[PDB]
Amino acid sequence: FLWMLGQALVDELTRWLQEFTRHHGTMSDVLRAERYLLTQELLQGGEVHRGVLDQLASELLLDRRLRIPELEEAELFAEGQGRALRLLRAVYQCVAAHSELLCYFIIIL
Amino acid sequence: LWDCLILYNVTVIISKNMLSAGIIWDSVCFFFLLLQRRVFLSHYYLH
Amino acid sequence: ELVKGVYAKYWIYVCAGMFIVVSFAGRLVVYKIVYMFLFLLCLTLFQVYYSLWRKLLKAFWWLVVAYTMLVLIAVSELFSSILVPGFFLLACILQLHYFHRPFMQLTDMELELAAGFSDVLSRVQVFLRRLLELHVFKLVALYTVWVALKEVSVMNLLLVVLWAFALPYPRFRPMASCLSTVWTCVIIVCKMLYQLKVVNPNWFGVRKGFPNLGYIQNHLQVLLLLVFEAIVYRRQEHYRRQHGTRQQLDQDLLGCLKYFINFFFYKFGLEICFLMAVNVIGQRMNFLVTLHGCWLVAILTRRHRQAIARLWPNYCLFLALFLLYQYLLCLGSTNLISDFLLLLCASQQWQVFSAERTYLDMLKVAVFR
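Chains as they are written, first to last, in the entry's author numbering: chain R, 1513 to 1568, 1645 to 1697; chain A, 1214 to 1233, 1283 to 1309; chain H, 570 to 644, 678 to 712, 767 to 857, 915 to 956, 970 to 1058, 1096 to 1121, 1154 to 1164.
Warning: the hint list may mix true and false statements.
Said to hold, decoys possible - Here are the simulated DMTMM-like pairs of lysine to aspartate or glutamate, each with C-alpha atoms no more than 25 Å apart in a straight line:
1) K1159(H) with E1531(R)
2) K578(H) with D1288(A)
3) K1229(A) with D1216(A)
4) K993(H) with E1553(R)
5) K1159(H) with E1660(R)
6) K573(H) with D710(H)
7) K1159(H) with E1647(R)
8) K1159(H) with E1553(R)
9) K984(H) with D1288(A)
10) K806(H) with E789(H)
11) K1159(H) with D1216(A)
12) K993(H) with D976(H)
13) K1159(H) with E1546(R)
14) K1159(H) with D1566(R)
15) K627(H) with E942(H)
16) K794(H) with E997(H)
17) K1159(H) with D976(H)
18) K627(H) with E679(H)
19) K853(H) with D976(H)
20) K1159(H) with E1667(R)
21) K1159(H) with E1559(R)
22) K984(H) with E1553(R)
23) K1159(H) with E1663(R)
24) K1159(H) with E1658(R)
25) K1229(A) with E997(H)
26) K573(H) with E950(H)
Don't read these hints as lab results, they were simulated from the structure.
Please model the complete structure; the sequences and the hints are all you need to start from.
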């Protein structure tokens, strides 16, 4: 069906976009996985710095930690909606990686 | 800084009251400014 | 047969319709009051007891006797009179004969899945109807429309001396409503005899009741609205007589929704009032709204919500007095409705400020980053 074809192509697109952002994605796993979070709810943060930078050369291993406070906490809903939402997630990652190129495009446009 | 921006918005609306263009957009701004001023929490925004 | 008891209870509204045909017929003055508006004042009687809702039977008993007397004395035209009020006296005398109880001495205070959802929804709405959401807001909205934006001058007693002081101080919010019923009943009584009898043109912004239908056509609408609110109130008053705060928040989307549906004005009310003042400013742009705007600056330069809370009784006072002045300026408008909205909102925030206060992570990502 036409619908089914589009679904497959969306997943193909996610893959292609992930291939483009690959390097930046891995640079955001050795840094931003232990950086940006915004999921902690309730009141304030008890162990302030231990709850972020020390949590869970280009491709590092488990030098820091493993996955103690759920590495896949982020990957839960992320992979939960592998269709639609993830297409836009991949789009953002691409433009975050290639923001220099985005600027150039806008100025000539 | 956010409160000073709120005051700027207020004064625009209040000076437009004493006319002698519209406050519609300035009221949208007021809403958003007030929203963000409020969301500067010491809890959720502290995160 | 549930309908047997339903129709034994159905006599008040049955009479109302017959008093509507008694209205604009027979005596333009007397008939209307005696039948329709004295039954509407008997409604007020049981409401003003605040304990005898639909239990007052003494006066409701003699309402029938008064109507029988009228028919016995008097009611094409001999025949008209007869037929017409017998038609309502028939129903009235039937209550006196039997089943006066279901409506007056019984309702007292002392299918499948889809249908299941339907009845739940009925009751949630009615819960909001028995909440301040309906008990007050909707009533005063229609009041302002049908007083300020409608017949001005002498309807100030039905608004700027009532709701302009009842909104800030909710102690007399229900008393105000009962008095309102009474006063608009009085207003229709007065306008019944129009004003064209030997006009020799004391001064209170005399607009004069020249039309018949159109002129009687709005005060009765708010009279009925009071009645409707009272109905839904006393319904759930006897449904209660007989018959998540920050925890649901972090659950999910349903939790967030629930929290705010129940606690919007609880927290947002202050920011609301600030934006309602801007609304008034924009839908006016006069010199009168410089006062509103000056107060806005004052309460916005108070920053900390605790300091705004001690400026709140004076803010609410200003708003109330301003509504009164605005009328006395229009008598001795749409701008009046805007100042009413601000009053209503800020009054509710005065009743919260020093009272009640004393996948969803992606959504939180947006607002909170």
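So, going through the hints one by one against the coordinates:
The suggested pairing of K1159(H) with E1531(R) is violated, with an alpha-carbon distance near 29 Å, which exceeds 25 Å. Under the criterion of a C-alpha separation no larger than 25 Å, the hint pairing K578(H) with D1288(A) is inconsistent with the structure, at around 56 Å. For the given pair, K1229(A) sits about 20 Å from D1216(A) by alpha-carbon distance, which is consistent with the 25 Å threshold. Taking the CA atoms of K993(H) and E1553(R), the gap is near 19 Å; set against the 25 Å cutoff, the hint holds.
Distance check on the hinted pair: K1159(H) and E1660(R) sit about 19 Å apart at the alpha-carbon level, within 25 Å; holds. With a CA separation close to 19 Å, the supplied pair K573(H) and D710(H) stays within the 25 Å bound. Between the alpha carbons of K1159(H) and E1647(R) the distance comes to roughly 31 Å, so the proposed pair goes past 25 Å and is violated. Restraint check: the Cα-Cα separation between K1159(H) and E1553(R) comes to about 9 Å, which is no more than 25 Å; the hinted pair holds.
For a cut-off of 25 Å, the pair hint linking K984(H) to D1288(A) is broken: about 31 Å separates their Cα positions. At most 25 Å may separate the alpha-carbon atoms for a hinted pair to count; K806(H) and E789(H) meet this at roughly 24 Å. Of the pairs offered as hints, the one joining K1159(H) and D1216(A) holds, with about 23 Å between alpha carbons and a cut-off of 25 Å not exceeded. Of the pairs offered as hints, the one joining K993(H) and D976(H) holds, with about 17 Å between alpha carbons and a cut-off of 25 Å not exceeded.
For the hint linking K1159(H) to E1546(R), the alpha-carbon distance of about 19 Å falls within 25 Å, and the restraint holds. This hinted pair checks out: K1159(H) and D1566(R) have alpha carbons roughly 23 Å apart, not beyond 25 Å. Among the hinted pairs, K627(H) with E942(H) is consistent with the structure: their alpha-carbon atoms are about 24 Å apart, no more than 25 Å. For a cut-off of 25 Å, the pair hint linking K794(H) to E997(H) stands: about 21 Å separates their Cα positions.
With a CA separation close to 10 Å, the supplied pair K1159(H) and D976(H) stays within the 25 Å bound. Between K627(H) and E679(H) the CA atoms are separated by roughly 33 Å; this puts the pair beyond 25 Å, and the hint is violated. A hinted pair counts as satisfied when its Cα atoms are at most 25 Å apart, and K853(H) with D976(H) does not qualify at roughly 70 Å. The hinted pair formed by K1159(H) and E1667(R) meets the criterion: a straight-line CA distance of about 19 Å does not exceed 25 Å.
Note on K1159(H) and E1559(R): the hinted pairing holds, with a Cα-Cα distance of about 21 Å set against a maximum of 25 Å. For the hint linking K984(H) to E1553(R), the alpha-carbon distance of about 18 Å falls within 25 Å, and the restraint holds. As the CA atoms of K1159(H) and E1663(R) are separated by approximately 17 Å, the hinted pair is consistent with the 25 Å bound. A threshold of 25 Å between alpha carbons decides the hint, and for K1159(H) with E1658(R) the separation of about 19 Å falls inside it, so the pair holds.
The suggested pairing of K1229(A) with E997(H) holds, with an alpha-carbon distance near 21 Å, which does not exceed 25 Å. Distance check on the hinted pair: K573(H) and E950(H) sit about 24 Å apart at the alpha-carbon level, within 25 Å; holds.
When held up to the earlier numbered hints, the structure conflicts with 1, 2, 7, 9, 18, 19 and fits the remainder.
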